[PDB]
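First, one chain by itself: the form deposited without the partner chain, in structure tokens.
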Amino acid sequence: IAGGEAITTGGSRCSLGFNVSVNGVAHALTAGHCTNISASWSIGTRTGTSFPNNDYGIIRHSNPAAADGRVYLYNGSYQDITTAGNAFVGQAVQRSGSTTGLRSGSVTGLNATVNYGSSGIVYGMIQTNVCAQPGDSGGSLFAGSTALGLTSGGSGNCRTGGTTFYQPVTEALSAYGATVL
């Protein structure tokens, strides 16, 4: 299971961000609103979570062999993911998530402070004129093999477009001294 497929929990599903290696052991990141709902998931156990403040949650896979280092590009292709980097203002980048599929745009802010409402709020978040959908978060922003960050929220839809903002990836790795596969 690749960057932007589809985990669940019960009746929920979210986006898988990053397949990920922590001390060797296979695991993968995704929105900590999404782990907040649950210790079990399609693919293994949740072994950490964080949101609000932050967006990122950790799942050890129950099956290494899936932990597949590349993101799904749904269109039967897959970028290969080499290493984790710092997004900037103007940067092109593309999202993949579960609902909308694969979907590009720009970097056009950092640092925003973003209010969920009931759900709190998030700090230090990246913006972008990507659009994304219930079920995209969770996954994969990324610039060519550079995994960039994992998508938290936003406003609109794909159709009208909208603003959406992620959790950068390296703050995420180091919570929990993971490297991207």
The other form holds:
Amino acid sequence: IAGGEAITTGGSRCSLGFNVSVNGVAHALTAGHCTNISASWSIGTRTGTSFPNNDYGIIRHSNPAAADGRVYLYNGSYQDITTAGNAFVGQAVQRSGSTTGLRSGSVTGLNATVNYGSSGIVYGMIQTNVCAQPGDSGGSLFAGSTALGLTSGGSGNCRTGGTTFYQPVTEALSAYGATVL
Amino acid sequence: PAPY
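Could the form deposited with the partner chain bound be given as well, to go with the form deposited without the partner chain?
Expanding to the full complex; the earlier chain stays at the top.
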């Protein structure tokens, strides 16, 4: 299973962000608002979660052979991931998620504060003009082989377009001592 | 905005 593909718990669905390693042990990053739901996932057991304030969570794979260090492009191909980086305003980026597949756009702001109402407030989010829909959360924000973020939320949809916010992946990797595969 |  690669970045952008579906991960579920009971009737809930989110997307995998990036497969990573913690001291050689295969894990998967996704959104914290997703991991808050349950400890039991289709791919394994949750070992960390942080939402709101932040929006990241980590799951240890039941099957280490499934930790595919790529992003699925929804056209039968995958993008290889090799490093993690920080986004910059104007960067050309792509997002992969299980509801809308692959979409592209550019980073329009950094360190955005996002008020999700009853769900709470998140800080330090990457802002883009890429659309997303429910189910896309946790999926991959990347530029070529560089991982940048995890889909958190936004406004609009993929028909009318919208604004989306992402948790910077570097903060999630350092929270857990992980490295992208 | 809302969480997806």
